[PDB]
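Trainee: These are the residues of each chain, in order.
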Amino acid sequence: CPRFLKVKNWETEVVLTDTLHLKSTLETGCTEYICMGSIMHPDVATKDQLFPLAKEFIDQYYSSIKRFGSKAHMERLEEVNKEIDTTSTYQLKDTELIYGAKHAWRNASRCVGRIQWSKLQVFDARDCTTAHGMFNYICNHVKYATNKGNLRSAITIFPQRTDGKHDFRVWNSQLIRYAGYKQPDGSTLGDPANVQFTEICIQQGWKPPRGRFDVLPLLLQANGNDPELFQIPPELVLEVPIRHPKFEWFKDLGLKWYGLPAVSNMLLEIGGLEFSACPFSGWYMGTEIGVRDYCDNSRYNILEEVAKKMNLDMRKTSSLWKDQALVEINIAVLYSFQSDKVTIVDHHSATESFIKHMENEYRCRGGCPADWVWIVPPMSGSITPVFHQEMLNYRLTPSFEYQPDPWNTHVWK
Amino acid sequence: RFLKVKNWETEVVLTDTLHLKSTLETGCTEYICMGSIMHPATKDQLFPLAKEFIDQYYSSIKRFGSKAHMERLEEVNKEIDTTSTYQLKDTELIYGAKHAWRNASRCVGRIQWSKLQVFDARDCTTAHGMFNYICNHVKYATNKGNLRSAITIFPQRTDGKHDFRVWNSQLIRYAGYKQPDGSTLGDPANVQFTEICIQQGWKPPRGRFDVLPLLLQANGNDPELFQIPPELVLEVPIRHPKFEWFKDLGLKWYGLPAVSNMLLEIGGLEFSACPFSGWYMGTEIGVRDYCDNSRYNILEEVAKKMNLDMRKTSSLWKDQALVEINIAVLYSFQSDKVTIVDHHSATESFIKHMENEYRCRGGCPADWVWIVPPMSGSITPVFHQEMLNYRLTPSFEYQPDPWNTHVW
Ligand code: HEM
Ligand code: HEM
Ligand SMILES: CNCc1cc(OCc2ccc3ccc(N)nc3c2)ccc1Cl
Ligand SMILES: CNCc1cc(OCc2ccc3ccc(N)nc3c2)ccc1Cl
Ligand SMILES: CNCc1cc(OCc2ccc3ccc(N)nc3c2)ccc1Cl
Ligand SMILES: C[C@H](O)[C@H](O)[C@H]1CNc2nc(N)[nH]c(=O)c2N1
Ligand SMILES: C[C@H](O)[C@H](O)[C@H]1CNc2nc(N)[nH]c(=O)c2N1
Ligand SMILES: [Zn+2]
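Taken in sequence, the protein lines are chains U and L. Counted the way UniProt numbering counts, the first sequence spans residues 302 to 343, 352 to 722. Counted the way UniProt numbering counts, the second sequence spans residues 304 to 343, 354 to 721.
The hints are simulated quantities; they were obtained by calculation from the structure and are not laboratory data. Incorrect hints may appear among the rest.
As the list claims (entries may be wrong) - Some, not all, of what chain U presents toward chain L, calculated at C-beta under 10 angstroms:
no., residue
1, 306
2, 332
3, 576
4, 607
5, 631
6, 635
7, 685
8, 688
9, 697
We treat Cβ as the ideally placed atom computed from N, Cα and C, and that holds for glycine.
Model the full structure from these sequences, guided by the hints.
Mentor: Rendered as structure tokens:
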């Protein structure tokens, strides 16, 4: 690996120099002969595996607080070592936990929202023992993060993995999502993405309202036990009815969405420690709802209905009727959130902020790992500045990682 | 190993074995992906490259290991020994040119790969000869609007001091002019090339869409200027099917996209002048050419005529204007019966092409970053298609601009 790797912006001619890649920890999946940049996804640490992972993290932490090589640094190293030696694991200090969580976000190459990384409220839920306790922590998280529409980024962190048979897990993929129901005739009601999870909830005892926008219950697993169902207090779930500034008929589509995007199925890795339940939330970029949630064929798939209402010629693709409807839908989403004073960011503002963030990171940190395939928005790509920005992708730790869905691995008791 | 790629929308999974054949580098390493970086002989080097290519040729016509196959290898070997290079057969030239297109990871139009008219120009010696070959190419490929894919191949590189080069980046392009007030008239992408033409004696009309002259270099000599006969240059006035004011913008574009600055590599041989052409995907013009900030940059003017609220970004005024411009481009070419493909139709065809290639070839190298259209990405099927990118030869490669190398 070369000491200096350069990236260029082809629109501004700005050249940046990356050295941070030398701190790359894990493999990307690519090789000299193949690139897997468009691949979506390309038993515990032993004592001997855990020692150097912990030291690497503690070193990084003490370097960050300008106490590298200090007596406190060396004493922390020794304490962590003795703890691994005598218990096969260790506990993070609160300061370290907070630092680790912020940096997993700072390191998330797929996240366009990272200019905000240092403003993250960290809830330490490592004292939690039961699903009811998990429910309590999650409600408080939702309430704090929602903040009556003035959304605040936050993460709640449950106890780390021990032997792998006592995992805490949130079975939901996000804390707030809508049910999907497969009909006998093959049609789907609600969100098709969530059919499998919905079916699991029903089997566990959930009585479904069988509507188009039914907020799913929480399915929560503590200490490796069977998961338990809970209903999120509806007053904690902020939603926005979707309407359009010009088209009065748009509201008649009956669309709405929830305000808080809160991903709950990822694993947080800090210093070799694994936090299998670490739900975190920010605020939406409009295209996540307007393009993906609403217009993906495998989701709500509303393009045709909207186009019809718009009286477009839908006979030839070259009329660009889909593209035309897509913009109006995204206009409606942004307008509806802003009107209800619920935090949201459009794709232009978000990508422009990210470019500034990336340049700042290159200058203060020596780089900023970024996944172009994910950073570039799903509409109007080249009229956003990120399209023209060369990026380097690599994996730094602390990190957020994918993990298998818990129903595929759980040992039912 | 066998690698799998999945389409997350259709759930179709394909298995790639073809990547096992690649020997050129991608630019990535195990620790760093460079997927979004734009640009990441001797007798001893030459023969194994030649052999590799002759082998796949003879395999392709199902005569691998035949007497003819063996004879060709010996013929090539002797030829490299006695001349330090070799010459391809016409059949090989055609096979190699089609496969370079077939292997072009970044090209969404590859479903057409085997329909390519190959013009052998290896007997060319002067810039006048190059001009002639290029006029014939343009006339054939244009075909009164019924565009036909073609490539014209000029003599291969020898010592590197006698390169044939087309200095233009495309055969047909519009000039760009720096203005006293610091602004730019015409295409800003071509300001530097335009200046060179002017210095070499071209008399500029100084308009917004002046077709550039050809600047052609033969056998390493200084390049010479030629004017493409205007009757050979097919153009399309851009209008909109609903907005009658759109024509008043005075926009036009040329029908024939003919990239002339790449290098074609076949069997270790290097063809530094190999202009090739197909037909346009609408977004190439309507999104990139017209709406890139560093290009014609017309979003603002259009959004004005649409009387959009351009005060906040979240009104999506840029996105709205962008769609209308691309509607206009497609409508204009179609009305004038000039071949063009929209990004929906094109990406659909590419998905079908991929299926074909996995079935008959064991894979298809594809660069998602380039294949996904610059607008409406996720409502096209390629956005949801996992791709594997790897480099196969014969190939088209980038090369430096000749004005950064040429001694006059
Ligand atoms: C504050 C406002 C934020 C915005 C606007 C934002 C924006 C985004 C967007 C648009 C994506 C792509 C989503 C998709 O297509 O599925 C994404 C991905 C991601 N975000 Fe952020 N985000 C924000 C906050 C956060 C926070 C607080 C965290 C963690 C503490 C985070 C971590 C991640 C990670 C790990 C991914 C990649 C997930 C994956 O690979 O599936 N983001 N972000
Ligand atoms: C026949 C209709 C064709 C269509 C619709 C088409 C479409 C496209 C498009 C839209 C691009 C992206 C260009 C950009 O964004 O700058 C591209 C790239 C490319 N095409 Fe095709 N193409 C066609 C024919 C051809 C032919 C005939 C060749 C060569 C014989 C070819 C070779 C390439 C190569 C090498 C690239 C990548 C250029 C680079 O890496 O900079 N294409 N194609
Ligand atoms: C379901 N699509 C894949 C996937 C995406 C995931 O995250 C998307 C994601 C993650 C964090 C976000 C934070 C803020 C925001 N506005 N969107 C965000 C979107 C997480 C797990 C999986 Cl498996
Ligand atoms: C420049 N030629 C010298 C040279 C010849 C080489 O092989 C020549 C040659 C000739 C005939 C062949 C027939 C079949 C075969 N498999 N290899 C064959 C190889 C290999 C390397 C070099 Cl460097
Ligand atoms: C200028 N953008 C990068 C670049 C693109 C190039 O070619 C784009 C290209 C190549 C072949 C094409 C064939 C058909 C078509 N419609 N577009 C096509 C577009 C060549 C050199 C460079 Cl440096
Ligand atoms: C930085 C990035 O690689 C660069 O802007 C690429 C992105 N994708 C592209 N895709 C196509 N088809 N053409 C391009 O010129 C580019 N530019
Ligand atoms: C196949 C491809 O990797 C997949 O569709 C990716 C493309 N880019 C994406 N980008 C974002 N932000 N989110 C996504 O889900 C995807 N999906
Ligand atoms: Zn890669």
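Trainee: Starting from the hint list further up, note which numbers the structure goes against and sort them upward.
Mentor: 3
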